[PDB]
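Only one chain is given next, in structure tokens, and it is the form deposited without the partner chain.
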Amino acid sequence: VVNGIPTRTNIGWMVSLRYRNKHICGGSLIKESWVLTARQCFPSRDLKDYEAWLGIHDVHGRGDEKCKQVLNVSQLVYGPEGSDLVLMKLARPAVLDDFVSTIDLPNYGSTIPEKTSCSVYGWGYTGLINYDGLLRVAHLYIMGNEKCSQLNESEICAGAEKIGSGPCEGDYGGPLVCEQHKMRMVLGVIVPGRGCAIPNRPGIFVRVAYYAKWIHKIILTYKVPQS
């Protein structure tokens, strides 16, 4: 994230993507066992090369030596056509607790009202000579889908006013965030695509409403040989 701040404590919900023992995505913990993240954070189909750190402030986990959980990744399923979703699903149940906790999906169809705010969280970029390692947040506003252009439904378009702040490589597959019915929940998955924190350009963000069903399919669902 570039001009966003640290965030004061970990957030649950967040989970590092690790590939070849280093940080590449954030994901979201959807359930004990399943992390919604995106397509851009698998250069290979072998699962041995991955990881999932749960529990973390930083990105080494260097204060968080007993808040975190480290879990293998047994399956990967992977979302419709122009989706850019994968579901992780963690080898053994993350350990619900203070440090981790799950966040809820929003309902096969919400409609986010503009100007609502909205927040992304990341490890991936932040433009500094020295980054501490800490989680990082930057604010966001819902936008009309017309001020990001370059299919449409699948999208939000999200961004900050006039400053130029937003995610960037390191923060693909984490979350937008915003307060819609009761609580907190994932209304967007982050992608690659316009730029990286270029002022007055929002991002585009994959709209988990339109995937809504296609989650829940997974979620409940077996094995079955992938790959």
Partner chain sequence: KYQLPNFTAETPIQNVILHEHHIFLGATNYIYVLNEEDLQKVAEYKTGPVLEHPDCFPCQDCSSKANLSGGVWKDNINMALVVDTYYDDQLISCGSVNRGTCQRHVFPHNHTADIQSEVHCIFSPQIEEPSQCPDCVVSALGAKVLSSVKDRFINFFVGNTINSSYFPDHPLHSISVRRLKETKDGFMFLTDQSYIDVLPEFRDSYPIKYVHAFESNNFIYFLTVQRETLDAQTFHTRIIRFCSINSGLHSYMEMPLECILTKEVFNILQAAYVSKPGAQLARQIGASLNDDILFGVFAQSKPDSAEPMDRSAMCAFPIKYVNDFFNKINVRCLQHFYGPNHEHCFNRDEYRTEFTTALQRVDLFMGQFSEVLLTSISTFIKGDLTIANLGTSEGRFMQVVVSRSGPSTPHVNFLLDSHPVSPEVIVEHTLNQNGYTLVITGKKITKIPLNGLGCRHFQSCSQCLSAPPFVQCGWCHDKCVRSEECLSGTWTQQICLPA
Given for the second form:
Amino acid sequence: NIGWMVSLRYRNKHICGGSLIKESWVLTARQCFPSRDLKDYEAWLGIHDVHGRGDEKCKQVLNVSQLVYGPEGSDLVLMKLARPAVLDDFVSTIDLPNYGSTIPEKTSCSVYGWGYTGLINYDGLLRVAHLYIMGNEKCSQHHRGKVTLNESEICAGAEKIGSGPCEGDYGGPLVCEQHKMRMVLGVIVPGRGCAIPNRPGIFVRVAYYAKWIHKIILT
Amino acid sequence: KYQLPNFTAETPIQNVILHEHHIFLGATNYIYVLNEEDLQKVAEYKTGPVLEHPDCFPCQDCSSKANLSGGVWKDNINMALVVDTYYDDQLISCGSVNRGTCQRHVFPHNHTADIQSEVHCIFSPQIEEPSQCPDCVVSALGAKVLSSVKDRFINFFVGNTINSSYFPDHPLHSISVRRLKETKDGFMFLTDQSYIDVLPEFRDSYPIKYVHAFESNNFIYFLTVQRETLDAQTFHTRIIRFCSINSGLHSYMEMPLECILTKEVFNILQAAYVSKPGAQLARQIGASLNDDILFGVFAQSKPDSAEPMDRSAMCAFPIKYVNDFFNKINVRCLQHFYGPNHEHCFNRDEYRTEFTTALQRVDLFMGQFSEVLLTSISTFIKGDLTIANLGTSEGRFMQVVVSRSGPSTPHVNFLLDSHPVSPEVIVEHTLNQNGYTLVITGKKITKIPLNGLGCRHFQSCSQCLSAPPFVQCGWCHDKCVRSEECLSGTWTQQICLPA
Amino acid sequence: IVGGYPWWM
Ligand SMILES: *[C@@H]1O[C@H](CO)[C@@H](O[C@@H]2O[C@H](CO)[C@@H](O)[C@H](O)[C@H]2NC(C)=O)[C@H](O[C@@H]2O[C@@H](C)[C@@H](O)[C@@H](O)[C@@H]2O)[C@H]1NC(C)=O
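Right, and the form deposited with the partner chain bound of this protein, after the form deposited without the partner chain?
What follows is the whole complex; the chain from before opens it.
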């Protein structure tokens, strides 16, 4: 199950994805915040459909009380919910990687989102793309030397076909299995074009910011 | 009279862009691709004339509709030209036609000259709020476009000139910020604070000209020519400053700029160029070697109008000192945006500021160009020195040393063309500051070197010895030449006897 | 998600 997937709503319209890492804490991206007024924002939990149609028995609508911006380099933002989310079979928390951690190249990962699909008539149901971890050397080579990669970044790309996150998928997770456990290894940030065949996705490395995350979440 | 790399377009050149050793010219009805080395035409793209029609919407080609009953032929005057290297290397061009829509020219992997193979039009049909047109970017009366990668997105800071010409479903904003969707299919405004427009009541009475736009220290700057007040009969030069946020235009404050002469006010900016200072000048105006300096070419106004009087002055505004004045606290509300009598003004990101006192500097050429109209400026460093490439309304081009303490004689000084020099400039610095300048004159573009234009033009020993050291000039009995070309051997850079 | 599948895949 995928109970950690959050849908951030701006002016009663889905703007971004997010990951529930603690009962009152959501890990998202800075690009998801046009207004500085936290009243225009809402967090939806326990949903499969973007409009929350067939999941009113699970849906957990919550308000945003605080916004904690990550270090200058990161495009991360820790979002505090006005009330803690109640964990059940439909709402759960995603584990974080430890500060000095890594996964090898070819590690099977998944990206989740209610964003742009390209399809004519998209149903609004949560989508997944199967990506595979790429090392920062091969990633810079695959990106035709246009961008040098920092320690704060994580690369993952699909096999042969053109697939990955796009508009509306930002803030969402790059889920990979670490030490027999599903963890949020990256955060979906705007890329250099949507789903280009053989072009891997650049995500913000969560393992790099794990020390700052535990500083904010542990309260 | 010199033999320099030159190119003549069929139509006037409005914009110039250099990318991967190629010269991209944004001209009327055409985009030309030139070779960097010899300015030879490598390719061309016909952008016009375009057949306009109220029923035939933007970005759709109505070639069949040429035989109509309500269709008009319009010339595609290039208003903006940009190279995006963040997404797959492309050229963005925005013209006066199709309500100021833009189009991306994707470059094939190893063919920068190919601007024909992959062309996509940046227009998405609005369904959420059809009252707004984010793909209607550029104005025909005047438009300044500044693009930048901000928050992993390509942002477009557009300054547009506006009149009372009402357009339903497709209107235009004065100062705004929009981002390209990662799908590349279209632009979008984030909030209601993404644009700051002139009140419908003052759209025709209060015209605004956007002369220059730049990004420095995470701040977005716009250089304006507008009236002193809503009811004022005289014109002003203003510096616009706002927070480089994608979400909208935050911390919007506008303060006036003045170029004074020892008191003589050169109130109208003709051209601007932002660059680092030379060692000598850095020390002279109290600036670091890594400081950005706004070099503004200003001109005296014809009483009660905006057109210039052919009297110019040039003064340097270091952006550090510009920001110092913005932070210093007297202050008025933005009269063209807010009502001149409304509640927002009777108070004190959300609020828009207008300064009453102007930031002023003394003419760096000390009244040297007080008899000519300067229409172009581009600055560059050669050793300890700062040199300015200057364009005139007569078509004169010159290279002269910039120093706070005393003016100098221009080393380069000649008639480039009959047409005035365009404020649209390019300076390239190839290994050890020995590069070139791309100068526009009507439908002509010229490649002038940065290390001067010869030596043999200096008539007297005085003029010959007053030349800067990079020109490597010296007097040889009766002629000003280089060391290697002195026949007799009587070559000096120090002594002038009664010749 | 472009080139994606429903979450349960
Ligand atoms: C505008 O151009 C059209 C062609 O692009 C003309 O229609 C086309 O004219 C051809 C003869 O020139 C004819 O074979 C095509 O079948 C016809 N196509 C269509 C879709 O109608 C059009 O007017 C035509 O040409 C005149 C000489 C007459 O034959 C008319 O009956 C046609 O409609 C052109 N109109 C004008 C104002 O020139």
